[PDB]
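Novice: Take a look at the letters that make up each chain.
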Amino acid sequence: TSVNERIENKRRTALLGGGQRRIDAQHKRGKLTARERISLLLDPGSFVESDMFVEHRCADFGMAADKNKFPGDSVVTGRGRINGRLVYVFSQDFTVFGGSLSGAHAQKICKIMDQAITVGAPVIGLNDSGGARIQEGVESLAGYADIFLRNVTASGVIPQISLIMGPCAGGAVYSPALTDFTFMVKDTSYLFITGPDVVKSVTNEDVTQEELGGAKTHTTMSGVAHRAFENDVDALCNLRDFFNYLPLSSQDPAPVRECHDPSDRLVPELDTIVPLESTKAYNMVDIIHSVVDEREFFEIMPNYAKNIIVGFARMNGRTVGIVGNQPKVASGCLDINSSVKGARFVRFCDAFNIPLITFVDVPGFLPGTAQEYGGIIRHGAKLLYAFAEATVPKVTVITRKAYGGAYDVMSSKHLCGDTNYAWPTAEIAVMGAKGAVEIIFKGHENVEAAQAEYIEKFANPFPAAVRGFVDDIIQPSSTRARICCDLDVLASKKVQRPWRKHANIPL
Amino acid sequence: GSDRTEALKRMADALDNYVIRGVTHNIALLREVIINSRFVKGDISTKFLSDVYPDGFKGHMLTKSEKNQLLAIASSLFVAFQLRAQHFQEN
Ligand SMILES: O=CCCCC[C@@H]1SC[C@@H]2NC(=O)N[C@@H]21
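Sequence order for the protein chains is P and A.
Using PDB author numbering, read the first sequence as starting at 33 and increasing by one per residue.
Using PDB author numbering, read the second sequence as starting at 456 and increasing by one per residue.
Derived by calculation from the structure, the hints in this document are not laboratory data.
Fair warning: there could be bad hints in the mix.
[Unchecked claim] Taking beta-carbon pairs under 10 Å as the criterion, some of the chain A residues facing chain P (in silico):
no., residue
1, 481
2, 483
3, 537
4, 542
5, 546
[Unchecked claim] If you want the footprint, here are the derived chain P segments under chain A, 3+ residues with CB under 8 Å:
no., segment
6, 112–121
7, 281–291
[As the list claims (entries may be wrong)] Across the chosen pairs, the derived CB separations fall in these ranges:
no., chain 1, residue 1, chain 2, residue 2, range
8, P, 470, A, 482, 48 to 56 Å
9, P, 72, A, 534, 38 to 46 Å
10, P, 42, A, 534, 37 to 45 Å
11, A, 467, P, 53, 39 to 47 Å
12, P, 76, A, 503, 33 to 41 Å
13, A, 535, P, 242, 35 to 43 Å
Just so you know, even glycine gets a beta-carbon here, dropped at the ideal spot from N, CA and C.
Looking at chain P on its own, in the form it has when it is part of the complex:
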């Protein structure tokens, strides 16, 4: 046959991956093939593939036989466009050697990552792989490291997104951990370093793959995944939606798109949302929905550490990050998991020039020996450092309580915040009124009159307002308008810091 005909033969073979029977087996599991996933994710007719004909070079254990040669070698890589914006994508092909990672696999992934870093565009990885290709021995390990390094080199330069759509075990799990966001598909994807068999053999524990590393486990217990989706199709649609928010690189400002919601729209429904009695809770998500454009909010880790809320939204068409206390869960007290969840989100938002909006209602930190033995001190320091380090515009609104060091942590103006607002129900104090009266006036019998005077003078936002700790006390209904105005003024904020290789954040 001529060279051309062999070219068509190779193209056709590559387009089928591991064979039609393998594709059918993949489909009966309820999973799409890599190329189908790429087709769903990218704009139609925009996918440009790279390295179609690359094949593995292993020569051991009969790996050099023609039946062991697959063009592409279990990964499809290239570039495309989402809503017209450039992106680089790789998708792992489970039908070729179970999607195991080989030298060529890592080489292709590294090529696309280098291209993306060179031009400054995000990287999306659809992960479905058993693990390292044992037949290539140490070679596979090297490839993994080659990926890891690039991830670390790309951190804070271009956004990186991982979507776990199948089995993922061993060292391969670490690359998604190094990316900015990880999404999981329910019932068909899992993450764990060691499989259930080794767990049973070593620790005598009985567990299934779903229990060990299922999407629910990593979205509700381990705090490893950020979102879980029902299907591949649903996951890909939501992935496009989410990608619409991010900037292409750290050299670009926060994306601003066409907006129809007026920036001065009033929100009268917030004037009575906060109950007067501090013993009743409300839903901060309602406030967030009311304030943001079109009531649209993309929440991150919605089912993990629910006492805090983090997500993406738009104000006047500009992407913003939302962080808020949730009084509806555990009184809105901070703790370990919530601290970590807020801290990493804040750091990501700051790294890519996304302004931050914070809603503060926090009585303090969760007490108990479990929190202390778990290292609550360093975990809370994580969030405090995250707010203190950020140089993007920061807008804070206090709805109800802000007590003790929790007030400092939640982007207090003393952390070089930009604008801080207090609703009429705000309470900035060192601690509760009863405890403060107990400490201050203890040893005096006329406790009642002193306590009444103390509550009249201090159980309100006046102590902070008179000192300038809050820029103003605003009617809740105007909240949105105020915020929008500020975000227009602060778009050109620039801050000078001392030079350093990097900081040393608590871990």
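Starting from the known structure of chain P, arrange chain A with the ligand on it as the hints suggest.
Specialist: The following block gives chain A with the ligand in isolation, referenced to the frame of chain P:
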């Protein structure tokens, strides 16, 4: 209205223009009663709701043309959202 028809038409229009969010509400039933051919003819009694909806209220029932109009509106809205998704500012 100046006559019964004008009053019933302005009502139907008013019920379609009424925004209520955060609770469920009876506007769908009210709107269906007002346009019902018995109600419009004045063929009504204290049993009207039980006679007109014996099985229960299932909401409006679309005629082929109404279904096509609804589908077209939904498709246009979907396409409009998709199109607005592509309108970034200059980079
Ligand atoms: O039983 C109630 C008396 C003590 C409650 C103090 C609460 S627990 C949540 C918050 N964090 C603190 O450190 N104190 C308050």
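Novice: All hints, please: hold or fail.
Specialist: Results for each hint:
1. 481: violated, 22 Å
2. 483: For residue 483/A, the interface hint is violated, since the closest Cβ of chain P sits about 22 Å away, which is over 10 Å.
3. 537: Holds, about 8 Å.
4. 542: holds, 4 Å
5. 546: holds, 6 Å
6. 112–121: Since three or more residues must qualify, the claim that chain A covers the segment 112–121 of chain P holds, with 3 doing so at under 8 Å.
7. 281–291: Held - the segment 281–291 of chain P has 5 residues with a Cβ nearer than 8 Å to chain A, which meets the minimum of three.
8. 470/P x 482/A: 48 to 56 Å: Holds - the Cβ-Cβ distance for residue 470/P and residue 482/A, about 54 Å, lies within 48 to 56 Å.
9. 72/P x 534/A: 38 to 46 Å: Hint violated: Cβ distance 18 Å, outside 38 to 46 Å.
10. 42/P x 534/A: 37 to 45 Å: The hint (37 to 45 Å, Cβ to Cβ) holds, given that residue 42/P and residue 534/A are roughly 39 Å apart.
11. 467/A x 53/P: 39 to 47 Å: At 60 Å between Cβs, range violated.
12. 76/P x 503/A: 33 to 41 Å: violated, 53 Å
13. 535/A x 242/P: 35 to 43 Å: holds, 40 Å
Of the hints listed earlier, those the structure fails to meet are numbers 1, 2, 9, 11 and 12, in rising order.
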